[PDB]
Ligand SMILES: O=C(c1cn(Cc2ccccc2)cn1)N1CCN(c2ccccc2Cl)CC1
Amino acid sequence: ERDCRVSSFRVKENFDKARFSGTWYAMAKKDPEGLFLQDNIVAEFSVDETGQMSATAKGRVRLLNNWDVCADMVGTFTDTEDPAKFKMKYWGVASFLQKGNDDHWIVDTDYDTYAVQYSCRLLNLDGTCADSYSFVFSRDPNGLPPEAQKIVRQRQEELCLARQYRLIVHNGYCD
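Chain shown above in sequence, structure on its own - the form solved in complex with the named molecule:
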């Protein structure tokens, strides 16, 4: 019944880079395959004079049960036809020689309480996503207001990721 094709997904109409800048706290996430930030995930977006968006993400990464590292990462975004859909060239500060490259879609946001982000790394033949990740961001790490809660839940379901998100802890672990 539900249309889960990635090309059918709506994103933030008239997305505004300047308003989106500043600190964002990831409170929930749906994982992709492979190694990935685990928790204490804080993103700091910013827009330079020329108007190109970039961001830094810090977070705990599990190497062993015995060993974690606070991985500082950096991202730089490239605009497309759609102002909510970017191409994020990203990397760890140590491994800056080595870089990854993802879709980065701002699915929805109100700029001052919540944001829903999404990325498809691989399509199935039917157009649905085979490997996706999604962050639920918040300006306040104590939670989202009632209207944000309703919207996030609605968007999570429309991305066909209902009940696939997991809550993320914030402990000042990477301060």
Contents of the next structure:
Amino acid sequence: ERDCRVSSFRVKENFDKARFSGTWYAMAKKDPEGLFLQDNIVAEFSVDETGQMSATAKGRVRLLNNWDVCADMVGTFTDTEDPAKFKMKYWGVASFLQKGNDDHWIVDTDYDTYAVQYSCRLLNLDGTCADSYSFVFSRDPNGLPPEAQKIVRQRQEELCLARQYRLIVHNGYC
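Can you return the structure of this protein in the form deposited without the named molecule rather than the form solved in complex with the named molecule?
One chain, no partners, no other molecules: that is all that follows.
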């Protein structure tokens, strides 16, 4: 129907790390294989004086087959040629928590309302993503306003993920 090659995906022009800092509530998520963050996902972004963006996140994570738990995650982002595309090294405060390094793209954001993040962990041989995940963030835990919601829907479709998200709830579980 459209172009689903990851290399074709537009990301936030002149992404501004500073303006992006602060609390972002995950309102929806498209899970990758072996999903980790389950719900009640709240991210806290920061940028140090060197311009290096980093983040922490708290939320219900699924450790084992049948049950989950509340966990604190940490992430440091390494810049790339594209201001909106990063390499995110992450780990949990708990040594045994999932550790890794995923691409982290800020697909779109208006900084004070919504943010659409995307990560393709593995490309298919045709350039489309084989294993991806994406978070739609809101500055307000109560959700995005209609205008932002509509923009996010468009963004989700551009990522070829619009039918693959699930809502993230925030019920003080953690």
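In this text, rigid core is short for the largest set of C-alphas that superpose within 1.5 Å between two forms. Residue numbers count along the first chain shown, from 1. Only residues modelled in both forms are compared.
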| query | finding |
| --- | --- |
| Core-aligned C-alpha movement of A130 between the two forms reaching 2 Å | no |
